[PDB]
Amino acid sequence: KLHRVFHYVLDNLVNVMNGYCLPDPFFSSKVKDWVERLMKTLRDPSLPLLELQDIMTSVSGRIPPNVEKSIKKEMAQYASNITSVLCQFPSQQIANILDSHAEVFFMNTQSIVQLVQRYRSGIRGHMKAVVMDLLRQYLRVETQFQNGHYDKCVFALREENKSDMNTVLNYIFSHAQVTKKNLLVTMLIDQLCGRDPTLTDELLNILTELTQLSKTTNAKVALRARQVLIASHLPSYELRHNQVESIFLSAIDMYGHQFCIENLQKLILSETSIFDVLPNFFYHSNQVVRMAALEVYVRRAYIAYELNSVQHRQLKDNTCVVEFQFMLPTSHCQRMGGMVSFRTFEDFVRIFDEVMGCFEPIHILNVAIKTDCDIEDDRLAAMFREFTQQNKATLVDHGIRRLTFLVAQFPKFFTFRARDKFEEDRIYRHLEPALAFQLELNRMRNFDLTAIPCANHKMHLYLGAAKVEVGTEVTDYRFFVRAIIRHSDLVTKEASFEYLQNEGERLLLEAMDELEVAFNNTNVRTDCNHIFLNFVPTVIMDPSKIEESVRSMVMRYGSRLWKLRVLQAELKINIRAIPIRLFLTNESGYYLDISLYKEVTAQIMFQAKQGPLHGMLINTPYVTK
Amino acid sequence: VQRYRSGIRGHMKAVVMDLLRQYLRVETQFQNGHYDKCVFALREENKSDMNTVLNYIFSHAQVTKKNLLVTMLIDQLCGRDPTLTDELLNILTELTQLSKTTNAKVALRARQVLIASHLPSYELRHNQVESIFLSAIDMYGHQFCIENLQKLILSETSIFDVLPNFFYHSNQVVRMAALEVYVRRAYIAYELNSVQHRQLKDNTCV
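Residue numbers (the UniProt record's numbering), protein chains in the order written: chain B, 848 to 949, 959 to 1188, 1230 to 1256, 1284 to 1333, 1352 to 1518, 1525 to 1549, 1554 to 1560, 1564 to 1580; chain X, 972 to 1177.
There may be inaccurate statements among the hints.
Covered stretches of chain B, going by a simulated chain X footprint (3 or more residues, C-beta under 8 Å) [stated by the list, open to error]: (1) 923-936; (2) 1087-1097; (3) 1103-1115.
Honestly, the hints are just simulated from the structure, not real lab data.
The C-beta atom is built at its ideal place from N, Cα and C for all residues, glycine as well.
This is chain B alone, in the form it adopts within the complex:
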């Protein structure tokens, strides 16, 4: 019966994507049932047996009983023993034996050797094959289809093959129901490529061909193509919850390995961001790894500045609070800190009174909470605000510089800065001002800015609307993208140069993935796109090999720049230690001037060489050309 489920559902589906779909409501039902029936019979490991059944019924004669009872015995074994999760049919064995007792018979039993040849890489051999085929099937047709414009392409089809038009009529009908083909392709993609971290570098070639598809209809396909194509590059979510679990409990149950500290510096100088998963366990139950993990989160947030004192507290209804004491390295002098891990806001309201019991306001205090409830961020934080205005008693208790609330599952931050400032801060809502001087966020104060949530949270993307007065309506709409890079350091002997090229290229591909998402999404005409890079290592390379490195990069990408139309990039990187703020200057055309400065006292001043825009201060709001 499954054999019929197969031919029926498959012919229907290849007919789906041949164009024969009818534009009516029933489509969304018919194809949906059809598709699940496919997938289900595709997981069901009785397909290959039933098709070699079906051929082996039609070659009942001409038969050597040795090879038939051999293949048929051991399939029977496979059928009884199929309730194991990992059993596949003796493919290679049957091929060898057939080739041994074999060519009249060979030319009567050909269909099986080609069946087994399709069937060598398993039932997920098929899961590869079918979608891969469909992909180039879709691909050739719809890539030739919009290789310029509909008319010219159809006229080139007419004259390249003037003699016949049947391919043309099936073509015209098919891309007539293109949106149906295309939507349903997304559907198929969604429930296979929608969640599969493993993928074999054989498909991705076709996918990178597939991403270039340039039309309004192929815009879902484009965002899924990219989101999937990257997805593999941040896998194993619960796996790294397991790896950090291991590192912490093993390293810490003795906390004297001496290699624990080496792993801890790899934890606090890990290029991969673990602010995703780290919150789920730093409120597990073992007070030491609690403490360690929690302060490691602090240390990894404001990791940029220098800390000269850190004391662990352990207080009444037991709860461990840490206190910090540090100072600024020239941001704009000293301050302390507090981290507290709490389970629910209710409890916070109860155990309040000892938290300021054991506490110019010079304290930073950030509290991590779970928040798998009170789903509305606005009733949520609104309550939080009127908690501050009901009890500023915290402020009466020797004052706090800032109180940030961290609500967990990318955690939504809720920053409340105020002794005389207005309380809740909106420029910084949904983010923790860790690196905040670094993201020079006052240099965009001439703007109305919208926090956009985004994957790969390393990569923070900002939307800029030129803020103008009521008298006139805005002309500029620029994408700013500011990223973060949290690496340890690099040793010399030219290790850095290769690193710069490879990491820059990878990050740049991520950046164009983002601006691509920006095009696909609603898009409006950006002019002066921004790239922000914080290199936190300290290489000893030269400035002029930095200039060749940025030369090789920018030169390497040509048209690509002009399509995404990226106009501004800034880095710093400390070398021998001096700082060098490189700011890139390119207008229409690919001609580019590189601006290198110096930071000099008394309000610090970017000063070149000779560099354009020599003399200005640092909080320069962004020109709205």
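Given the coordinates of chain B, work out where chain X should sit on it, guided by the hints.
Here is chain X on its own, set in the frame of chain B:
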């Protein structure tokens, strides 16, 4: 600073290690032949003076106190430390050869500890297998999983415990898989021609 290079357990290693050689040296010269001749070998090892000898004689005189207490010391530091450092075990393997009724408790604690300091790490390999299974199992979409199960079924490492914490974890694939890996790894000697998973009315897999 010279004691202080290898840390706070730089000290817990170092001091006891010294004490160990103190015990070791004394009682190794003590037993080689028989008590009298050995004391005569002491006469000639330090022919000129015998004060070291008298302190020696005094020390192994109250051996049983020393001996119990050596066991004690090992017990409340090396009583549990599968973390092993390539500096003690040399002295310890010297220590294992000690061949007398008096030096008879020390041998089983020294060795039994020194052995459980070998490969297993029960909760560590429960963690490694935790990884293998959960990593392998969200879609079993690896294909190299089969290669790792054949490494389990042709595994040098012993795995034979019961693993109660996951063997009733309620996820139908790891249910089925784990149970049959137990079957297969039990009855590995014979030839298998058929295996069916069943599924009672509620939620138990046979």
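Please name the hints from earlier in the document that this structure breaks, with their numbers sorted from lowest to highest. none
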